[PDB]
Structures are given as structure tokens and as C-alpha cells.
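Undergrad: Below are the chains, spelled out letter by letter.
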Amino acid sequence: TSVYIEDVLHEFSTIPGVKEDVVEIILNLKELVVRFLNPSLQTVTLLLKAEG
Amino acid sequence: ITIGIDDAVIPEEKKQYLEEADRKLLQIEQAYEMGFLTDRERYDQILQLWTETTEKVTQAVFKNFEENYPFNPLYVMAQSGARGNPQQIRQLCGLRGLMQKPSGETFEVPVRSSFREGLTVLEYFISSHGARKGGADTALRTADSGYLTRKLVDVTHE
Amino acid sequence: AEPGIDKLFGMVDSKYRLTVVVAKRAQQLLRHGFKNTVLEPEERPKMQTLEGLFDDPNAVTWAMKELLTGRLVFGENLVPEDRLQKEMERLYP
Amino acid sequence: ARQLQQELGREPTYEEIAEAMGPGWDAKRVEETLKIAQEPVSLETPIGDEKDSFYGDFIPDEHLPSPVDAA
Amino acid sequence: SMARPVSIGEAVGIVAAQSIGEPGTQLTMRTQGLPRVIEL
Amino acid sequence: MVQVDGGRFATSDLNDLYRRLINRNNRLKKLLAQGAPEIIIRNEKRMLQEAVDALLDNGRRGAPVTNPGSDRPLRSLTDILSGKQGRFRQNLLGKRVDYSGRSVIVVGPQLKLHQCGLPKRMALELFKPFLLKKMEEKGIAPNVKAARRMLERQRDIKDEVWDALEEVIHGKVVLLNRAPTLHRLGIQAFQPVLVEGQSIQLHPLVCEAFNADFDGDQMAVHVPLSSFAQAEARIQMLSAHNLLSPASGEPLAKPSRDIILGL
Amino acid sequence: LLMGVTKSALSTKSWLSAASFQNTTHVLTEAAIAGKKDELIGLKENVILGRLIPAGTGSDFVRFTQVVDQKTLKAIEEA
Amino acid sequence: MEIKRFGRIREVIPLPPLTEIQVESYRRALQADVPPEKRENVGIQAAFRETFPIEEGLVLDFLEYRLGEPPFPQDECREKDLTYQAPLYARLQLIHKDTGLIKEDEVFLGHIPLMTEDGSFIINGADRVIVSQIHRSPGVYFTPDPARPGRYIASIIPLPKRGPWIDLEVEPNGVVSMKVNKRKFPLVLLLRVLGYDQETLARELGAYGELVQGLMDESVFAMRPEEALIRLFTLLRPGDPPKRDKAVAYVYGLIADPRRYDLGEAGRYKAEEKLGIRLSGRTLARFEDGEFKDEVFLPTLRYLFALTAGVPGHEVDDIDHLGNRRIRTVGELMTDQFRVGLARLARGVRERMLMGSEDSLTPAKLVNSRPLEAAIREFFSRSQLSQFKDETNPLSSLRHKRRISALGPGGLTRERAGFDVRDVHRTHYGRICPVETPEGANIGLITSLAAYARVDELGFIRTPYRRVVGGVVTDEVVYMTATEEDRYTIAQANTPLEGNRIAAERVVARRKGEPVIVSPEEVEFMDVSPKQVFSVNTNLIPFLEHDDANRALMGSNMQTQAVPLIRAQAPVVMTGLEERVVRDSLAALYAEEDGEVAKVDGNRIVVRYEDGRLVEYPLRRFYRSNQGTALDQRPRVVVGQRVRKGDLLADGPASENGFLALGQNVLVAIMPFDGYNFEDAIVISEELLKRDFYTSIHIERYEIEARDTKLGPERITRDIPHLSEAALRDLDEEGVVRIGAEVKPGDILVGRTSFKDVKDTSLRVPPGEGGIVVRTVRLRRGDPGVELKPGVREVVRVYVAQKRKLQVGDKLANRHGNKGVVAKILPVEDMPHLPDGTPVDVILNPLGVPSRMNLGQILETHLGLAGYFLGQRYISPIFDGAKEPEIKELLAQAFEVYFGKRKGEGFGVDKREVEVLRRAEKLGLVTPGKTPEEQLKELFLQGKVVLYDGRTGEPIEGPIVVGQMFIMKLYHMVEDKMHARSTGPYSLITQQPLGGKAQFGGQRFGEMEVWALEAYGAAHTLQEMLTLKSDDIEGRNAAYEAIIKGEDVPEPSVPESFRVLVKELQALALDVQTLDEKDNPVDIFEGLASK
Amino acid sequence: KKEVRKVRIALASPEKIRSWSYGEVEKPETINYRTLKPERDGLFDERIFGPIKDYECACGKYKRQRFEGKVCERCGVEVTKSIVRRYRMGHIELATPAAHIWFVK
DNA sequence: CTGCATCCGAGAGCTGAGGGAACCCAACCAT
DNA sequence: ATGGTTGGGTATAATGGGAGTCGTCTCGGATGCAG
Ligand SMILES: [Mg+2]
Ligand SMILES: [Zn+2]
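Chains as they are written, first to last, in the entry's author numbering: chain A, 54 to 105; chain B, 947 to 1104; chain C, 2 to 94; chain D, 275 to 345; chain E, 1210 to 1239, 1253 to 1262; chain F, 527 to 789; chain G, 1420 to 1498; chain H, 1 to 56, 63 to 762, 784 to 1118; chain I, 2 to 106.
If you are wondering where the hints come from, they were derived from the structure by calculation, not from laboratory data.
Please note: incorrect hints may appear among the correct ones.
Partial chain E-side listing against chain B, Cβ under 10 Å, derived [stated by the list, open to error]: (1) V1221; (2) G1222; (3) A1225; (4) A1226; (5) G1230; (6) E1231; (7) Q1235; (8) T1237; (9) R1239.
Every residue gets a Cβ at the ideal spot worked out from N, C-alpha and C, and that includes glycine.
Generate the whole structure from the sequences, applying the supplied hints.
TA: As C-alpha cells, this is what we get:
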């Protein structure tokens, strides 16, 4: 439901050192399937940190 | 209700109707090479023969539709009055027919292909004349009719 | 279509006369806050919202209903306008 | 301005013209002088391909009070 | 439009002019066609 | 002679025509006061006559008068009066009106014959004063000015305002019109049902009367204001009350296209 | 006589409709010379003047109709 | 996915560069890279060599010209609203015949705009295209007399604005008459002027009968040439003093002066070919040694007599023949405007030479270049042929660049066009597309150049043909004009061949456009390809031979309005031209040479070529086009990848892997659906919205100005009084919204205060707009290259972006002319679905097919079903492509896969399928006595499948056509059109509501509507609308007050427009007076105009 | 307020035109280039056609209502509604008579 | 004094949305 | 008290301008011909 990326101000921007624009990153992330092992869990925040 | 390419059934009689025409054509040419006919008479005879062939093809198409495929989508659409007229159905199945030059006179060779079989370049180009003339006719007619309506409203308004 | 439009059209010799009568009756109802109506409390036009049924604010519907009921008299040169308005105010302030 | 443009080969700036006029002339006065030399345009300037849209048809009244303001 | 005698006050001139003019656009094609109507 | 928003000036051609007339008149007076020879006076009188002619009817005798640097003839008072763009045909027999809107049309198969689907935003903008008065009746706003400021910004609108709007339009009708209007049926009255989205929903059975399809056609909406207008729209212009053609007497609102196919 | 629709329309008595139709300068100069008076009989003149057209609800046959209930009518009868 | 291609016709030559019609023309007109010593006499060079020498004394002579480099690059010109142009310098020398001294000086003449690589111009920061104009070719023509049969009229026509048309006609009397400048007079006078004796005329024209008898007139012949000049002058210019030199100058200027009359290269060529004679120059006659010498008049009279007398070998001219109509391209129009400007410059030079002090004068002071620059600006900013370039997608620009227009300056008029100027002539074959043209009032007047056509140096359209020798088709290609084409028999391109020998006893051919059947021996030329008959847009419609011409027209026109999509795909069925279209539009990026990719980024690609040189290509990202669509380039390469020459590096807008991608391939079913697809409406599934199909990016520009005012300068600042902090949250300390902030209608973008002690005058988002602010640009006074209008200190621009998804009210279209508005968006569970559970995406009404006769979409759907189940794409060229048997075989394979998949899992035939098979058996679609699998295979080979209804689970009672279809979203979106108004601004004079959504205007109630209101008898509605809602100021104020107070609106009054009418009628010295029933004056102005 | 029933159109005499006009326009000036105010005896002069602002003379002596019908002595501008600027005409006195082209052509 | 008979000039041709070139010289009035 | 404005003067001799448009149809006066 939500994405935050460092040093990007809107969906219509690009990230230095990254081939894909932010729109394509959102499109790819919309295909992610996440399983919650705990029934009471309502929301989670996954963190990703990578360097080329 | 659906439309497929095979639903535009082309009657078998059409083939015969074409061959018969190809027969009379030869006769006509003979009657022109031996002096019995002039250019004008031969031109008229070709037009008459192709017109009668087109009408006969229309009749054969609709008789086939009624006798073999009574629930055909195009036939049902035409007979119920929902959409379509017999001329369009004939163009779809039998043949388009004679076409008019920009000068207003008919061509000597007709369009013997339907829209299901697929047209060649030459028939498409000759039909472009009639298509363009109809479009321009519409374009002028709408303005002239608007002017007439304004004049009538102004003369009868009281 | 509006209910009973056929009868309303057959009640008058001209449809524009019916329209004029409906508009004038609607104006009369609007001016006095629906206190001059001839409808019984169970013939009153209702409107259903979440809170509950209330009176219909549209005066034209009221005029059509009263014209359908047949308790209104209409015609040409019935009463002087000044006297009409004064009497109207007398019965329904 | 036209002589400066011809010699220098491009449209001159206001400061160059002011410098070439002499004492008592700065760029600000030159802008004002060009500003006051402007001529009114026509309200019927044709806009678009068809001959039906005029410039003055897009000019609103800012003087008379609006119906909301009067109420 | 009502299959009943016309009401007094109807603007029949405008209705007649519109009724005549309506088909002419597109319905009538083009001595013959719309030019004949215009000439008449 | 007005100042445009950009600070520039815009003027009418009548000012230039009057200026030319005044210049020639003043020069004629000066020349007459000087005892000039008759050739100069004759030329001056000819030019004054030509200037008067240009003011009254420019472009009638000789070459029309134009403004320097352009080939456009100046529009005289007669030019203002006459023509397709003249006063009579453009501002007297037809006007632009308030309480009106326009939008694309979409098929409305679930509507009744007397109903049309109107977007919520169009209804809110069209019935704004009625909505303000009705909100005043309720407790949504203390006064009309507060209601106006609240309705001004889109994000400042709440839920009960929509119910107030639904109560406002109860029983009222609007006029739908598709250009070109070839017959009287090109304008018809409908009861608005509030819908979501941006498209007006039209009943399938009136498409033949409007000569409207759904390949990009747009239609305009108008709101009759007074009691007389509403009565006329509801009694004489209701769609369900106009079922036969005024030209032939045959039915004009009738099943077509898919309905015949199914039946 | 028989004249086309254009010439019949341009020959009407009302100078307002004729002036708003066509040939505005000729109609206006003839009307000004003759001192013509427009009686506002047709619909276009009333539309131009922003008046109520003499048709429909604006017809003299129907636009003077009054409406009243029985109680008020009886009260006026007693008065 | 594998691509399989059909077709038998092999093309000897590829398509020419698709934008050459602009680029080559401009290059030939400029000749920038040709050294001055070798420059030809075309373009602006010819204008320079014609206007100069400016003879007076003194003589100013032209030596050469040069073009410098632009002061600013293209992108810098785009941002600062400048014109991309180059300075033009001309070196001249002033000589003094009496003295001898020569002053040589290079003078700056102004700036000439430069066309970019793609073929467009940047004028004042805006992209513009010059459209080519089709017009009547100059020369000599002969036409039949319309009034009286058996006589003919000869016409001599120069270039536009380069001389008068000259008419020759044999009068009923029997004498010949020449009309020029609308002045009939006998031609024998002019013949005598040119120096013709009776013996010469009698010997030259005697054989032709009594015309030569009627031509001689002894009164005229007895007169000497000079006296004939005086007589001609008094006939042509009655009243003007008949001086000898003045008459000489007038007659010289009329027909013999090169600076006023000029028959072009086309006119000269046409005259030489028609009359069989040789011209010396470009004029009708020559003035040498005080004597006029004839050049064209005698040949013209000879041809006229021969044609009238029925001598064989002389024919009339068809004025719509494409050999008699020519094309003026951008270069020719620019050169003509340059010539006019140069003539004005010549006038200025002559005046300054006369008035200037002859002792101290140089070429620089004599030449004022202002008129030339003014003329160029006028041409490039106000000419009707210069049009705001359409860049919705690359195909839009490519189409616009190939457009041919009959309108424009000197062209035809839309209201006076008949039928001869709008019909497709027989000579259009291979030169002008007969299908693609506008549908409204411009039909037949605006057209497109054919795909293989090339405009030659003379302005005549040429088309290519293969040479056939002895029944053998060769590889030699000859480009021919229509006149040349008329002399041969040209065989159709679809004639069967074995190797390169015509393997057919009867060949279909054209003879002067007439279809004929000939033997292979008589064929002289052959068509190159069917593609050459139609334009580029029409070449992108598969199965074009199955479509009616009107719907092909609609599809061709409507493909231009396609919006780029963020997930665009190439069509399942292509014609094989999408790669050339994308390549020639300069939208994608290709590797210049063989090399290896070094760096890849979202805004940069650095490539290492085999030369060892690193080359960096920046990428245009999220840039606003002229139409608001977003055009961006996305890299399609990875670091370390080896790229050959011409390999794709970055994808352009509306392109997928180098193929044109204008829309999406969706699963469609052809069936009615609950009336939601009634009358062309379209029903779509929510699954399209879920996976971001038909989602587009749009950019809007908002501009504001801070200027100087008498009460003080305007200023952009954060501190504006009487606004809460909630409306100033997103503004920075400089009064501009921060990048990335979301804005809704009513939010402030740029803050501004004006001296009222200040008041709010900020720029806000109009109703119905908004989005995310993506860019801000500030231009201030003094910044290099900035040219603001006087008085304005600075300008602020804001670029705001929107992500628009498909919604109800949006327009969708296919390539076959089927267009429709989305009427309903259904949940996935309501959509009809296949027995394997896959739902369809789009439902199309079958009623659109039978009357529109666009059957190509049905064949496309069948091929799309086959490709969907086989996982491949197909190339089907127009008029030579997929036929029914091939599609049936492909469908057989697709059914084998589609059914073996189900049968492997262990499932038989459903009961519902059995019921549907029974129903189809009753319908006669399948043969009774076969197994259910065989019947299902027969239905699949007919393109029909069993389909289930999502609401009930019962099957549709008959088999339904289902398959993949290519559908594109159109630029007509309801978001940009929805508008409503209660009250707002009013006009200055009429006091009536303004028009347009931008002005928050109201809809116009025209005459047609008022008539309907009258026909309903709704007098009160009309009276309210005409006063209380338009221009009754007191009436509308009182109405608003009464409505907001709960009462009813009052009675109306006289509208203000009638007061304006009365005031304007009194200004014409006409007394208009309103009177009551008793003939007394009624003052409608409330005593405000009575002294 | 009587109802309007007929509209009459007729030729206008010079006396009628002079009675319509509130003054003769003697100069071709339109507006001042410095103050953007109408020039005296020009095509926009407030003494002839009326004030630009409601109930306020040109020189500012009177800026309040109740002065209806009062003409300021310094500036000569009547104090009234500004709307009178769309009703009040002026006139130009020709040195020599000129023919009305409508009755000539 | 009729009647023909061209001969010339005047005035029209759908709606709606959207369209963007002298210098000096010296007195004189407003504020 | 101050600038910006308003009108007047300049002395070899100087003496009839200059731009130009063409693919429409229909209607009603106007002029010139035979009877
Ligand atoms: Mg449409
Ligand atoms: Zn004062």
C-alpha cells in the first residue's frame, strides 16, 4: 500500500544509478506477494538497502 | 448473438451467376466486332447485364439465408429492422457491383469481390471515388439544409 | 410521467391553460408556506429521507396533486386580483 | 537600437543602448521609454483557424459588482 | 404529438418549419434531391 | 479602451475611425479659416466625405480603410450591426446563459424514461444557491457566506452537503440539449439522479429523438429557475410526455437496436 | 402574386425581424424613411425585446387565467 | 514471443525517408553547406541574384551570403521561449560608375529559422510545422467554353503574386480577344506591338481557316509599333497621360519585366512541353533595343487555332489532373516570403541612396534589414500554413509532416469549394492517399502524401514503377509523373510470378487509370507494392481489404489521437511497418556504430564505441508535449551488452522494443451485454484498471507574471494577508509550491500581492484540475538570453503532472474505425469467462459490424485468438496477407493446445457445453453425428467458443466470438471536458457570460435552441433564460438574492443587449423610440440619458 | 412603468442629434499617456459622458452620494452612477455637410 | 413603345467544443 | 519651486504615387439590340 524511497520527491522522478524510473519500481512492487504468519498482524514495513 | 467471418455465408449460386455473366460478355464482344452494336449500345448492355446479375445475386443470397440458416446474425439483424439493409448484406456476401467515376459515369468492369473474400487494390481504389463523393455530398448538404431551415423558420415564425 | 397527467390534460381545453394554473397555484402555495393547501393531512405529498418522511418542498407537485383532486376552481375573470390577494391573506396569514 | 544591432550583429540589450545615448540615460529609463511607446491592439483580432473567435470576447469586466457581491 | 385536437396558442409555424427542415439534413441526398426542394 | 490583464491596452476600431474623422474636420476648419485656394478646400471636403463614409460603411466604395501594418478592414457600426457575427444574430437572437454545463454522454440502461444521470459535481455547481439556502435551513453553516467559503474548496466538502443537494433537486427537472437542434425534441426535460463519475447518463430510448450516439457526443444541461419554468418543463417538456413525432404523428420514442433483436 | 420564401420574408411589416434576417441596410433605410412602427406581432420581435412571446403560456387566450379554492371563493361571495 | 509473417510480394526498394518532403526541401532552399562559388540558382540565392543589383550614379551588387551558428541551442530556446534561428550575413559592394571606388562590406540582414533533424521549427518556444500547399501549376492551359460549345479558351498562369492571369478567347464575332486585369480588348493590337506584319501572321496561321481572316484588321496593322503602344496604354489605363516612356514602362512591367512577372521552372517546362517550342527566359516577351520580341503569344495562338479547328494531336487540359497541379513545400514558401522582404529592403535601399549624402556612404548605412526580419516573423507566426505541431505521439508528428493542404494564403476557400476540388482523381493513384482525409467541412481539401511518393524539384509528385522487358520484371525502378504515367500500360502488383517471369496468361493493368485485361507482352511497367497506394496511417490497418473506405478513413484519422501508455504493447496483428515508422520519427535511440554499453541510467546512456570514444546520450524524461501528453525515453539496454549498428538503445513514447505501441492487446467478446454497450458504448473489466492498463501521464503548465504597476511593482512573496497557514503549508519561503507537493482545486501555486495596503492576487488551480507539482521554472529580468515583454519584471511557470487511469466516459478505438465511450466498469466476477476460468476484458456490440462493414476487425479477432493460444504475433501486410485457410490451420493448432491442456488434467466435456452444442446443432453451425470434441473443434475453427455468464453460471445460449484485439485510448477524455457554472465573469460590451471552460464560462443557447423553446410554447422558460440568466443585471441580481433568501425570482426587465442595440442604432442617425399602447414615449433608460 | 407595445424608427434631424449629445468632441485625443485618465475635450472626457467612478467627480471634491445632479465647478463632471457612461452620446459638428452613405449606395 | 437579352454588381452559403525614418530654440503652464 | 509641455524656426535647389488577383451562385436593376 505504500512506498518510500530515499531522495525522491514524487512518483515522476528518477534515481541516479538506477536503470528503472520510480513508476516502473512501483509497477514491479505491485506484484509482490507477502504472507503474514500472525493472524493479529495488521501492517508491516519492509526495509530494503542495496548498492550497485 | 455474435459475428464471425463464417457467418457471412456466400451462396454457391453466385459462382454460376458469375460464369453466366462471363459468357454473355464474350457474346457482347462478338456483337461489337461484327458491326451490329456501337460503343453506346455495348456500354449500356454491359451495365444492364451487370445490374441484373447484382439483383439476382441479392435474391440468391437472401433465399439461401432464409432456407439454410434462418437464425444467421446478419439475416436476423436485417429482417428484424435492428440494423442493416439488404444492399449492405449483398455487399458483404455477394459482390459490391458497379461503381461510378468522378465524372458520374459507370465503369465497364464491376467489383466482383465481396468484403469477406477481400478486395484487390484496383477495386478498392475505384470505390474510393464513390466514398469520397458521398462524404463531400454530406458535407455540403448539411450546410445547405441548415440554411433552408433558417429561412423557413424566419418566414413562418409568426 | 407525472401521475394522472392524462386526466389533467382532459380537464382543460388547452394544455397551456393547465400549465398557467399549475404555476399560479404553486406560487400561491409557496407564498404562504403551504398553509393554504386543500389537501387532507393523509393526502399530503411525502418525501422519504434517512431521518424520516417530511413534506415535499416542491410546490409544483403540490399543485398537480390538488388539480388532480378537483377541489380548485379556475377560469377567466373570477375575482379582482387585489381583492383576491387580500382575501387569501385573510384566510391564511 | 537599429544601428547598434547592425554593427554588433544581434539584438542589443538595454544597457548598451543607454550607454550609447550618453549622460542621463540608464537601462531603467530605456525600459520605461519602450513601455510608453506601445500602441493599443484591436479587440477583433482573429483567433484560431475559423473566423469566429475574437480577442475582445475573452475580456472580463472587473468594475461592476458581481451578483454575489450585490446580494 | 398527442393524437388530439391542437391546443389554442401553439406556435405551429416554428413546428412546421423545423419539421420540414429536419429530414433535409442527411435524409435527403443530392432537379433532384435537396436542390429540388430549394428551387421549389 | 481597456487595460488587459497583462498591462497592455486594447481598443475598438471605432476610436480610430472617430480619430480620423476628427482630424479631417479640424484640418478643414483650419484651412477654411485661412482662405486657402479652392483646390485644397475641394480635396479636404472629398477626404471628409470619404472619412464619413468609412465611419458609416467602411469597405463599400473604393478600397476599405485599414490600420497600418495590417490588411484587416476596420469594423464600422454597420459591420457591428450586420452579419453572422453582428449584434442581431450573435447577441439578440441567442445568448450565453448562467446555470448551465456540458459533458460527454454515457448509456443509462438502468434509468427510467423520465430520468437522467447527473454527476454529483455538476449538480453541486449548478444548484449552488439552492444548496446554500437549504444548508442554511439545516445547521451545516451559520450563514450564506460561511456556506460559500466551505463549498469553495473541494477538500472542504462533507457528507451531509450531498444529502442537502439530494433534497434540493427533489422533484425538479433539468433541460438536456444536443447541438445541432434540428427539431424541438433536441431539448428535453429530465429528472436528475445523482451519480458518480463525470459523465451524463442518457436513457437509451431517447437516443433516436436526440440523434445521439456514444462515440464522443457531448450534451449541455440547463436549469430552469422559477416556478413557471419548472411547470413548463415538467408538463410540456417531460420526455415521457413526448412520445409521438410532431412531423408525422408516428411514435418517436420506440424500441431500437438491441431491444428488437432480443424480442 | 407568388414570391420565394426569402423575398416573402423580407417583405413583412415588422422591420425588426426583417433587419435581423438579411439585407440589413436596405430594410433599415426603408423603415427609417417610412417611419415604420413595429407592433410586435410575431415571435422574433418579442424575443429581441426580451418579452413574453404571444404563444404557449404567453398567449392572451390563457395567460389571464386565475385560480382559487372553494373556501376563498365562498368568502368573497359573502363579502 | 515468436513473430510469424505472411505475404508473397517482395519489395525491390525500401520505403524512402518519411520526412524527406520537409528536410530535402529546406536543405535545397538554404544551401547552407554548399560553398558560395558552387551554389545553384535556387532558394534564397535566386532571390538575392534577382533583387540585386539595386541599380539607380551608384550600383549596389550582391556578392555572396553566409549563415552563422545559432546563439542558443534547441533546448535553451525551448525553455526561454526563443526562436531557434541562425544569423544571415550578406557581403555586398557599393560601386560608383562615375568615380570607380568600391566599398565592400558584410551586412547583417537578420535571422533565418532553422529546421531541426526531425523536420519541425521552434518559433517563440513552440514547435511548428509548415504544411505543403497544393495549387494550380503555372503555364498555358486550354479549356472548353462552358457557355458555348465548340470554342475554347486559352489561359496563361504565372506563379501566385508574380503577374496577372492572361486569358485568350475567340469572340462569337470572329475576332480574338485577350482579357487581363478584367479588361477585354482585341489582341491584334498587342500582336502589332510585338512587331508582327500581316504576311507573318498570314503564313503562320493561315492554314487553320477563317480565324486568321477574322484576326487581320488593317486599321490596327497600319499603325506603327510606338503608336500601338500609346493606343494600348490608353485602352488599358484610360485617362493616364500617354507618355512614350511611361507607356513603355507600363507594358514592360505587365508582360516583360522579370521583377514582376515570372513563369517558374514548372511553368517554363509546361509551356515548352505543351507548345513544342523553346523559351529563352521566364517572361512572355523581351524588351531589346527599344523593341518587344515575342516568346509565347504566337505559339499559344497557333495551339488555340489548331485545337479549335480539330487538327489531330491537340487536346484540352484537365485542371484536376495531377500533372497540372503542383506542391509548394516549406522551402518555396519561405523563399517567396524572403523575396517579398528583399523587395521591401530594395525599396528602402533606393530611398536612402536618393536622400543620403553621396560623399560619405557605405553599404552598411544604406541597408535597413527590418522589413526582411518582419516579413520572416509574419510568415513564421501568422501564416495559415504554419501550424502548431501535433505531437500526441510520434505517429502524430510523422503524419502532420506529410500533410498536404489546398487552403492557405492564395489557396481555395472552404465555403466556395464545389466537387471538382474534393474528389479523388484517377491520377491520385500512388501519389495521394484516397482514404485518409478529414470528415467535416474540410473533406477532400486536406490530404496526405502517398507512402512511396516523392516531390521532385519542379513540384510534381512522382511514383515508382518497375520496368518490365519481354514479360520479365527487372529491378530497375523509375520515378514517373502522372503525365508520363498516362503513356504506358501498368500491370497490377499482385500478378503471379515464377522467378521473375509473369506466370499468368491474362494480366490486370491500368491504361490512363482505366482497368483493362492485357497479355503479358503488352505490359511496360509494374507496380512496386500495394503499400504505395495509401499513406503511412492507412498502412497500419491490417486486413484493410475487408474494410469499407469510410471506416478505414475513420481508423486512419483516429490513430493519430492515440495517447501514449506507460505499459504500451505492440499489436498482435501488425502490417510490418511499425519499425520504419518508429525509426523515421526520431523518437527512439539507436547505436551510431558497433560498440559496447558502458553506463546505463534513467537519464543517461554512455556507450563505448570500437573507435574507443565514449559517447553519452542524455534521455528526455517526463517532458510536456504541445498537447499535454508526456513523452519520455526509457533505456532498454544493460551494462556490458554488446550492440551492433542500428541496435535499439532506448525506447521512445508509445513504442515497445522498437515496434509502434499505441494501445493494448485485450481479450474481447463480440456480444450484446445488458444494454451497457448500446449504440457504440463499450464495457470493460476492472481487471484492466487493477493491472494499470490504459494508464497515461499528462503534464499541465501554469504561468504567472510579476510586472510594474503605477501603484507599485508586483512581487512574489510568502507573506499575503488574510489567509490561514493551512493554505500556505506547501508554499516555500519564495512563494512557490515545493516540488512533490500534491495540489487540489483552490490551492495556491504562486503567491502574489498587489497594491490595493496589499491584496491577494495569487495563481490557483482552476476547478477540475490539479495533480502533483513536478517542476518550477523562474525567469527574471537580466538573465542571459531572456526577452520579456516591457514592464514585466519576472515570470514563474509550474509544471503539474497527472496519472490518469481509464474511467467511465473515456474514448477507446480500434484500427478499423470502431470507436466508443466506456459506459460501464464491471467487477471481474461479472464478466463472461472461458471454461478454463479466464475472463474477458472487453465486450463489443455486434450491431456495429453489419452496417459499418468493417470486417477486418473480425479477422483480427480470429487471428488474435489464435495468437493468444499459440503465444505468438503475426505480420499481415495489406492486400497480400493472411487468408481464411491459414487462419483455420492456426486455429486448429490453437484448439489442439487449448483442449489437450484440459484433457491432460483429466476433465471431459461439461454439461453446459453439451447444451450449447445441442443449440448450435439446431442452429446449423455444426454437423450432427459427431463427437462433442469434434463439434467443439468445428466451433473453434469458426472462431467461436462456449462462453459462460458470470452472474448465473449458465452458458450463453450460443457460441460467442472471443479473441485478442488491439485497442487504444483516445485523447478525448471527459476529465478535460466536464464543466459547470452558476455565475462568473461577463463580457465588456454585451454584459453576457463568457465562453469556454478556461474562462469559467457558460454554454451558448443558439438560434436552433430558442426555436425549440418557442415550439414547445415555453414562453416563461425562454424569458427567464434571456434576461435573468444572461444580461438583465438588476434581474439576475434580484434573482440570486431571492433564491438565496428562499423567495421566487421577480419579473424580468429589458435586457442590456437591447439597450446596446438602441444606442448603436441612434449612433447611425436613426431615431429608435419605444412607445406604449397610447403612442407616448417610454423611457427605457430610467432617465439616465435625457438632458 | 407602462408596458412597451410598439417600436418606431425614423430619420433623425440635426436638432435631435444636438439634443441627444451632451457636448461636442473637439479634439482627437483619447487618454493621457501619463495618468491614464481621459483627456479634456477628447473621446473619453468625463464632462460629456459621465464619471468613471460612481458618485465621484474628476478632481475629488465630492466623493459621497446625495450630490445627484450637481456638477463640480472645478472639473465639470456630474456626480452620478458610472453606468451613464454606456448611454450618453457626444457629437461632432461638421464644417461642411456630408451625405449618409446608407441613402447613397 | 414593347420585348428581348445579356451585363454587372451585391450579397449569401450548419451548430457546438476548442482555437492565441530631424534638430534646434525658447517661451509657458500644472502642480 | 520644478519639468514637462507648446509653439516657432532652420535660405543652393529641391515641382503628377504606387500596388496589383484571379477554382461560386443567385438575384435584381441597367443598357443596348431587334421589332
Ligand atoms: Mg457523434
Ligand atoms: Zn470635481
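Undergrad: Are E/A1226 and chain B close enough, Cβ to Cβ, to be under 10 Å, as the hint says?
TA: holds (4 Å)
Undergrad: Does E/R1239 meet its interface restraint, that is, does its C-beta lie within less than 10 Å of any C-beta in chain B?
TA: holds (6 Å)
Undergrad: Restraint: E/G1230 near chain B, CB-CB cut 10 Å. Satisfied or not?
TA: Holds. Min distance 3 Å.
Undergrad: Would the stated hint for E/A1225 survive a check requiring a Cβ distance to chain B of less than 10 Å?
TA: Holds, about 6 Å.
Undergrad: Classify the hint on E/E1231 as holds or violated, based on whether any CB of chain B lies nearer than 10 Å to its CB.
TA: holds (8 Å)
Undergrad: Return the status of the interface hint for E/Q1235: holds when the least beta-carbon distance to chain B is below 10 Å, violated otherwise.
TA: holds (7 Å)
Undergrad: Minimum Cβ distance from E/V1221 to chain B below 10 Å?
TA: With a minimum Cβ separation of about 9 Å from chain B (threshold 10 Å), the hint on E/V1221 holds.
Undergrad: Take the shortest C-beta to C-beta distance between E/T1237 and chain B; is it under 10 Å?
TA: holds (7 Å)
Undergrad: Is the interface hint satisfied for E/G1222? The criterion is a beta-carbon contact with chain B at less than 10 Å.
TA: holds (4 Å)
Comparing the model with each earlier hint shows no violations; every hint is respected.
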